[PDB]
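Participant: If you want the building blocks of each chain, they are given just below.
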Amino acid sequence: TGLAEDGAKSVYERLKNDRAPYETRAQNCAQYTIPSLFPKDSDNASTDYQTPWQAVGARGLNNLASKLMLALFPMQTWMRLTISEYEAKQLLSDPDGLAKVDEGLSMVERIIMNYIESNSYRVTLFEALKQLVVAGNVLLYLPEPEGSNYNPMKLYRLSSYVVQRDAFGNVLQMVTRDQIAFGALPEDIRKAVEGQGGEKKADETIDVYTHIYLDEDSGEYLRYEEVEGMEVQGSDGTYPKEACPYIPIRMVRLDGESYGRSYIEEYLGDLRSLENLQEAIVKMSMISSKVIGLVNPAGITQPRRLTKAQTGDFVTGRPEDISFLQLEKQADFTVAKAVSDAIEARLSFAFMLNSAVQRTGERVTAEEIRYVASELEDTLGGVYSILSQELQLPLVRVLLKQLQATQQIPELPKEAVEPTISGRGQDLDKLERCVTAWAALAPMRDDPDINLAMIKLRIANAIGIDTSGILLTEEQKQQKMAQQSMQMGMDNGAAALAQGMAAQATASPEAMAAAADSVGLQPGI
Amino acid sequence: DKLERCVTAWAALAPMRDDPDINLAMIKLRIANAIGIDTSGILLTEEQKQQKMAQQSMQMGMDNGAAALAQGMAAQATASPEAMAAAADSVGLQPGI
Amino acid sequence: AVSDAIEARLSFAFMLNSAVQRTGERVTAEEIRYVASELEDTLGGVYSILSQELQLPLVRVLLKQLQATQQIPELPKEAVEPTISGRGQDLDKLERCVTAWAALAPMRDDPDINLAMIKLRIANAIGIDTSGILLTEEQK
Amino acid sequence: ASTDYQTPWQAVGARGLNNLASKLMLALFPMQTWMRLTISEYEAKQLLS
Amino acid sequence: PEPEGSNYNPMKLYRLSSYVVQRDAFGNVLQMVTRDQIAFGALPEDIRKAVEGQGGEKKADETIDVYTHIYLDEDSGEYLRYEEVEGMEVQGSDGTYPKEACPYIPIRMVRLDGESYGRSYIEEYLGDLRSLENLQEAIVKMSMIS
Amino acid sequence: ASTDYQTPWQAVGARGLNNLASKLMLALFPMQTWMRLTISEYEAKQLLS
Amino acid sequence: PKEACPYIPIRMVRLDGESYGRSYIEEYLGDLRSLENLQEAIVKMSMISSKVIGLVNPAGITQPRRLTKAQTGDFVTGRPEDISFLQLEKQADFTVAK
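Chains as they are written, first to last, in the entry's author numbering: chain A, 6 to 427, 434 to 536; chain B, 440 to 536; chain C, 343 to 427, 434 to 488; chain D, 50 to 98; chain E, 148 to 293; chain F, 50 to 98; chain G, 245 to 342.
Since the hints were derived computationally from the structure, they do not count as laboratory data.
Each hint should be verified, as a subset may be incorrect.
Claimed, not checked - Below, simulated EDC-like cross-link-like pairs (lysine to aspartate or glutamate); rule was C-alpha separation at most 16 Å, straight line:
no. : chain 1 : residue 1 : chain 2 : residue 2
1   : A       : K206      : E       : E221
2   : A       : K159      : C       : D383
3   : F       : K72       : A       : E380
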């Protein structure tokens with residue numbers, strides 16, 4: 006069918022002329038930090054990536070992709086499922102069923118963390134976060150789960166995908182190119198390539214274009230994926246607007262333009278300037294490294310004699326003839342060093358690295374100033390905020406739909422949504444502060460006038476806990492009272508007849524022989 | 440915070456709780472007025488005080504009562520060998536042990 | 343001074359605390375030993391891929407090969423493995445919540461607080477599985 | 050067998066490799082267990098009492 | 148190596164001078180080859196029947212190099228491994244390794260798309276070391292004129 | 050898409066903005082509840098036992 | 245209604261009456277703009293510094309022709325006081341602008 010589009014190859018080729026602004030930024034932007042991270046398309050096995058003269062960009066990227074990772078994808082749970090609490094009160098008999106629902110929400114949030122960690126999503130997100138700093142865009146495809154086998158996700162680094170979005174935030178169409186070799190192509194595709202005609206080599210590389218365009222009708226995406234000239238049979242799929250396995254991440258997203266400029270090309274000009282200093286300081290040390298012996302030619306010493314002498318020889322000559330050429334950029338080496346130590350100082354706050362110990366003399370201070378290192382957290386925070394909506398949430402949503410279809414998760418009843426909280436958190440700390448307040452009420456527990464039944468409610472209201480099942484109701488208090496009595500009833504009762512029976516059983520010698528026969532024992536002891 | 444500051448003031452009144460002359464029923468109101476808490480349900484009222492007195496007794500009534508007949512029944516149930524066989528049949532158990 | 347500056351910016355690239363041959367005095371406290379602690383992030387970036395590449399394959403191969411030689415029980419087709427850096437999460441989440449229960453020891457005898465419910469909520473919050481955690485009616 | 054490997058004039062690469070292959074080893078292959086087997090918990094609830 | 152009994156069974160490493168793999172621009176591996184040159188005496192039994200089966204006597208210490216080939220079968224995406232001595236394959240070499248569980252796994256660090264092997268970690272900073280050496284070569288040589 | 054944004058020669062404005070948009074955020078939209086609903090207390094006493 | 249509309253304009257440093265409100269960081273905008281003109285000059289003073297020009301005294305003996313084919317340790321003709329290097333002299337001036 007026509008499908009209301011030209012063809013995925015073409016869509017990829019018309020809009021490949023829109024990556025070329027961002028792509029030639031990232032090729033420049035990875036050149037200064039770490040050249041192995043965003044290779045130019047021409048680059049191949051042969052290309053050697055010369056290290057930059059400065060090593061702050063290589064430092065301040067791993068020290069920022071890692072901090073971002075810890076913050077965004079903490080090992081400790083980083084999504085939780087909030088049920089809408091008032092609509093949970095209506096559809097349910099309070100209060101035991103409410104936390105029973107939140108156990109099912111604590112059920113799911115552990116299974117996803119057991120799904121993310123057991124499919125190496127921590128790996129390909131850290132490869133994503135390194136692309137999000139240098140390049141600024143990555144597409145992460147969450148392959149449909151097929152069985153409980155190993156199923157890793159895939160990242161396309163803005164050299165293998167194309168998206169097109171609006172001035173408005175929503176995505177219109179996506180294209181990705183992967184070039185899977187003939188042997189490795191999935192079955193249904195091999196029937197289409199052979200169905201096109203002509204034999205192929207086992208290692209010949211076939212490139213498959215998907216096309217994830219927004220259907221005009223229904224705002225549900227359509228995805229058809231295409232090999233060589235035309236579409237594979239069975240490629241057609243429809244992804245709803247809120248749950249599609251292809252989600253493009255962009256950092257520093259700017260209106261409206263389709264991809265988002267990288268984080269480390271914010272300070273790219275400044276790095277580029279740091280490099281031109283650190284290129285010159287090293288080259289000043291190389292003129293220094295050469296050892297030239299300037300012989301004064303109006304003198305007596307002849308190097309001919311100086312160069313066949315042994316360890317201790319007496320040689321003719323004056324010492325003031327032999328001088329050595331030395332570099333004189335001294336009051337100049339300190340100019341270019343103190344600026345390079347000032348540019349590294351103002352990039353080490355821009356990146357989340359505490360600044361290099363090579364610094365001003367002494368001057369190290371206390372925890373107070375380690376609190377300035379603590380203040381580096383705000384700087385960490387601004388960059389990860391967008392990342393959450395862009396990456397954190399989509400991944401969670403896609404996972405939740407995909408686990409319903411493979412029945413690895415219970416079908417949660419259409420009303421639970423998720424905040425990627427940095434993780435309760437608020438449910439733990441608000442229990443605890445209030446629980447200490449109740450001990451503050453331990454001395455007054457026996458007090459005649461203070462309404463301890465009310466103060467425990469007020470402190471709760473104030474911390475903000477839900478109350479509801481927190482206070483024993485009257486029925487429950489009555490039950491508690493009987494249970495202390497039924498304990499002492501069972502305790503004194505079982506101690507009564509056991510003293511009661513065994514006193515009058517063993518009483519009298521014969522009755523004693525009759526009592527042992529009821530168990531099964533003999534008369535003699 | 441206004442709950443808490445005042446709640447510490449009440450512990451400052453723990454040593455004097457048994458004092459004969461200090462109106463501890465009034466000092467707990469004044470500290471409250473001063474912190475600025477709403478009072479109102481803070482102080483047990485007459486009905487509540489009576490109920491609390493009663494509950495300590497109904498606790499000791501249920502506690503000593505349930506310990507009485509359980510010592511009361513089981514002493515005279517297991518008293519005598521035959522009455523003992525009759526008592527085990529009411530639960531459902533056999534005569535031999 | 344250039345060779346002491348190039349060794350300084352390779353000693354952070356490698357996971358070695360930089361050579362003591364350095365600027366005079368200037369040694370500081372645990373706070374700055376926390377910068378040595380921050381060397382862990384740099385350690386982390388390089389080992390992440392290594393995990394998928396080496397850690398997991400070795401474990402998978404070992405698991406199949408131990409089934410064929412009967413040195414392992416045939417695990418029933420549904421268990422998968424995360425190379426966690434090791435529980436870990438099963439130990440620490442037990443423990444934090446277990447301290448919270450002692451925080452509830454003074455109030456154990458309190459007439460109004462539903463201690464049967466607070467022990468459930470703290471559990472829900474730490475994130476432990478509950479399920480067998482609370483004695484049921486029969487067990488009580 | 051004959052080749053003699055001349056030591057480099059700098060000894061940071063010889064330092065910063067053993068000090069990085071060892072740290073990587075401790076981190077990746079800790080003596081303490083470094084794999085654990087997660088059973089799928091919801092499918093474990095279904096097939097079991 | 149496949150466990151054979153509860154005896155001692157160490158694994159083996161081939162350091163990019165003894166193996167060859169070929170993978171796609173996509174992440175998956177197509178074919179692997181390794182060369183080990185086990186001497187005649189040490190060659191495992193079934194291989195000695197193939198080398199003698201080729202013909203001609205061998206010295207006890209003459210070194211024979213055995214190529215394995217771990218190519219991805221076009222059919223079924225299950226690997227096939229046949230290993231070969233001199234000109235042709237040993238009897239019994241054939242084995243089939245599923246895609247997710249094969250005893251030959253190539254590790255690569257700093258894996259880069261798509262190219263088959265991955266550039267080393269310490270050649271990230273290789274330029275910088277190489278520059279450190281040219282200083283430390285000069286400081287030592289200045290102490291020798293001294 | 051083409052425009053390249055040259056970094057300013059100083060990096061205090063880039064520093065002092067993220068360090069001020071973040072502090073403002075923590076202060077204004079704290080994770081801990083930052084609105085509460087006051088009922089008019091005297092009119093709540095009248096309409097209620 | 246007047247009190248509940250989904251479009252609410254936020255303005256910071258709201259000034260009477262004018263419709264939008266001047267930004268916070270253009271309070272100190274003049275001052276930043278002045279900081280930039282210093283930090284542009286300090287960096288450009290380090291770039292003249294970065295260039296390494298070998299000023300040979302042309303009334304001397306040393307000839308750079310010999311100095312530039314010498315190996316690591318060669319004995320070469322000449323006086324050391326002929327070869328000097330041009331260096332930037334804004335020193336008591338780099339500390340004013342810093």
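Participant: Against each hint, give a clear statement of whether it holds in the structure.
Facilitator: Comparing the hints with the structure gives:
no.: 1; hint: A/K206 with E/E221; in the structure: 11 Å, holds
no.: 2; hint: A/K159 with C/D383; in the structure: 24 Å, violated
no.: 3; hint: F/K72 with A/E380; in the structure: 10 Å, holds
Hint compliance for this structure: hint 2 is the single one not met.
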